[PDB]
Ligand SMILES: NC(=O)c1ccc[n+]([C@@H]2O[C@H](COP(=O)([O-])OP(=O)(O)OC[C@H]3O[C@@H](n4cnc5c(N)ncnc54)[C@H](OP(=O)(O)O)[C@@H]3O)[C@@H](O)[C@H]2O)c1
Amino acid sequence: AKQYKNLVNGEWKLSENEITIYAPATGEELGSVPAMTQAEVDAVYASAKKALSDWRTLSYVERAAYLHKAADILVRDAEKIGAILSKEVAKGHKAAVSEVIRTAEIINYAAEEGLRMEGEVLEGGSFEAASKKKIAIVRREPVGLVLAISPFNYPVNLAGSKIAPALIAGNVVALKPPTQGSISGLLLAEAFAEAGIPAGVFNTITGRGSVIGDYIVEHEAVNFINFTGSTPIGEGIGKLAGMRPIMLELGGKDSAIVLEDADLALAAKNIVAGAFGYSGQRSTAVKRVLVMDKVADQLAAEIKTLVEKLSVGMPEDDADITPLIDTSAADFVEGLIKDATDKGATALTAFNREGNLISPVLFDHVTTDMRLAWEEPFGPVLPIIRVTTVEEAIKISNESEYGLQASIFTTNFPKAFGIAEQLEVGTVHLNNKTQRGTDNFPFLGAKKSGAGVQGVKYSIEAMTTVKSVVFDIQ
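How about the structure of this chain only, in the form deposited with the ligand bound?
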């Protein structure tokens, strides 16, 4: 264990108060993180706005060089960081190391994407003959101070996915990690500090989101809020933003649509991998199967066999299903499972709970009257909902308040493309599970799944504006 500190203006600062963090799978004390005051928040933001000018006037290639160095340090320390990340969020050890490696990949890719963004030269004579000698030189500029707020389930990857695109464009950044996950966020900050990031260009803030969360968001030093987390918290940020630009990555209830001509064993393989990864604690993850009646019995059997084979255990043993993040999360999941059983759903795999380790539960004959048909569990439970027509599958899929991603399993690709056009989601994966990657692809959600478009180049465009200089050629 150890006492961690926030990065503030190039200096590691403790706070009067602190919060102790324990491993959710064991209760092991992992350390403590500062509990920041509002004056300490003000100082973070003040140093950031002070460093902005010297940072934005650096060349793109100099800013990229800092990001590449930080990524190299993360790769070097992937095992040491991952070992702690695995404990802090009860994620499989290997999966935690992989998250660190993927973060380095995103940081490097953002550095090189951001140093070659488009600038435009527009001709007045495209619109009006009298203006044929007038041209507009349009160049991108940073928005200023970006507040990045990462979630517990990817506390390093979904911090880096915000930090690096912001920094390459010339923004300064403050990272508010989740409390459960704050040690991992501060370990990420260490890599940026060692890389030599100029004082104040990147800073961290730790403290209970339920105490300082509103304060850090409504502070007028913040020019942009980039948030990943729960839908209700995101909704609140959408109000406190006013006219300030934002990005919200919220909940999902991704549907896997399985048509009569699908490869059922292949559909089952992708569905189980996607639904039960990290115990279902992922926004982009198959959370409901909408399967045509004729093949539903066969598909359910294929899924059941796979779910029964999943390992259920501790993070150190790289179990497929690990303990959920906290007791409230496990209670909520158990509640959803109980509601489905009470309303008559068929439990194809057996429920069991030891501490907060819930064994994976597959339900068949789930109906739209059951909470599990709609609510995001963030736990290892998966409903199968039988449908009679493609039209009905589309209707049920779109009736969700969420619209992150969908999967379509079928051998008729032109038809699948037509269905994809009708689904109110950001991304449709054909014959594969839903996923955020690859990280160059757009990542976005409709409806209550959030706002804005991420993926690397899209994230950079979001956290920049344009400056147009217009003049007349003689």
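What I would like now is the form deposited without the ligand, since the data block earlier showed the form deposited with the ligand bound; can you produce it?
There are no partners or other molecules in what follows, just the one chain.
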């Protein structure tokens, strides 16, 4: 099995202990990654803080040049990297390659967005006549060392989405990949090293949560934490951050509100595409349908017809539904299915589990006493909840602890806009599925879905602070 190494101060480093990584869909041993000690974490962080001065003092053009070179290498190696990513997290091969290509796009876009960093000149005389000769020159500065923690379900894309915005602004970065996804994260690191990223400007950390999990976050060297993952883990990291700024991209339970005047066929298409992409292992998937009763029977039938068309199988054959990330995930999903069956929900598609490969299950007549109406499955199960009023749909949508995105399906757009104002989410898509993209758009979520605003320019703003220099004109 290929033995991988961490990038530490421009060098590739093994550790005494290793973690072996297996393909979720087959059990194939893919390789090993280091299990770092706390002392090895200290060395990563010390090398990053030492590199920071010379990195922040480079020009924006020079930092952008490194990012563009790294993106070119990712494009060159997209097939090579995608093939391993596909195996590591049981993502379809074509989709895995697409994740790498999208990462290159985000890196390039972040390089050009960030190099155009501008500041403000504020007039004292806007506020007080006596200060009319006093002006404030307000420029952006890096926050320092950014700890970027990527998630299993986008181990390259949602590493680069943090790395490149941080780096263009003059931050230094330590990437902690998820254990399942650490190989792909280190493959991304290879591109940044080959691009010539200066030693210590970008580093990687891998290891066991029991050894370094709290340590990497509590370390005084870290100035900013940028995390994507589960809501419980995110909340715990937040407790360890202190007053240091943190960004959290946590779970979702995005509602799809279907009104009586909606094109139910088009609604079903978008709903099924969004709900079941990557087997539903996405924070921004459609995860519950809130439908007006008078159209529920036909919407349910429309959704069912497309679910039965979803291909089910292995990542290497580019199936729509692939095996889930591990056995705990498939067990949790089966447990939600069973709770819905026990409580009287109607299964419109047939449950089948071969290993951790769960066939897509569609439930109708889901009620608010069922766990599936509320809990995020991270699996290919979709509930339908019938409502009698738009007010009821809004109330149930907002009753969720999550608030990432929502979809509204209707032909009355002025009405949809007014509904969107009332929904406790970050983004509402009209007559389409929820989605993070395009990556220039803001991406954020309310309540337990996280904290901070991403999308490219927003992520750059988040990982900078302002420095105001004030002086008096004579």
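Take the two forms, superpose them, and find the largest set of C-alpha atoms that agree within 1.5 Å; that set is the rigid core. Residue numbers count along the first chain shown, from 1. Shifts are known only where both forms have a C-alpha.
For the residues 209, 355, 245, 124, superposed on the rigid core between these two forms, a C-alpha shift of 2 angstroms or more shows up only at 209. Relative to the superposed core, residue 330 moves its CA by 0.2 Å between these two forms. Taken over residues common to both forms, the rigid core alignment between these two forms yields 209-211 as the one run of three or more consecutive residues whose Cα atoms shift by 2 Å or more.
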